[PDB]
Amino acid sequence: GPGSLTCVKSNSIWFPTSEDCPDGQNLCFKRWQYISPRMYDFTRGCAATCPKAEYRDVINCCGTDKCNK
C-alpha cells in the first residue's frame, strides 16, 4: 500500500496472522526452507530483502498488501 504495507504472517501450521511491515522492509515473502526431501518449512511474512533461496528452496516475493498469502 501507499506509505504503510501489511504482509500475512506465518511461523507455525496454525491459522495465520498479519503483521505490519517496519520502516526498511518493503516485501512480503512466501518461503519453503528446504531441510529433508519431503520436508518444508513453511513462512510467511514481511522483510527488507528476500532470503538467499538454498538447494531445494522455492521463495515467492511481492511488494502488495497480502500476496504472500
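Take the two forms, find the largest set of C-alpha atoms that superpose within 1.5 Å, and that set is the rigid core. Numbering follows the first chain given and starts at 1. What changes on going to the form deposited in another entry:
After superposition on the rigid core, displacement of the C-alpha of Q33 between these two forms amounts to 2 Å or more.
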Contents of the next structure:
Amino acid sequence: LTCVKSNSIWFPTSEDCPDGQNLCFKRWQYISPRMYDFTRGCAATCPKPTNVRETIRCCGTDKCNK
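Return the structure block for the form deposited in another entry; the form deposited in one PDB entry was the one displayed.
FYI, this one's just the chain on its own, none of its partners or other molecules.
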C-alpha cells in the first residue's frame, strides 16, 4: 500500500507503507470553526482519537487518505 503522508510540518507526499500496514489514515483535530490540524499516513490498524476534538478516517486503497 501507498498512502499520503503529511503533518503540521511536512507537505503531503506519497509514502510506501511497510509490509503489513494495509491502511491509510487521515486525522483531523478541531481548533475552531473551519480550522483543523490534519495528519495523514500509513497504519496497521486504524488510529483512535486522543481527545474529543479529533476525528479519524481510515481506508484501504492507495492514497485514499488524500
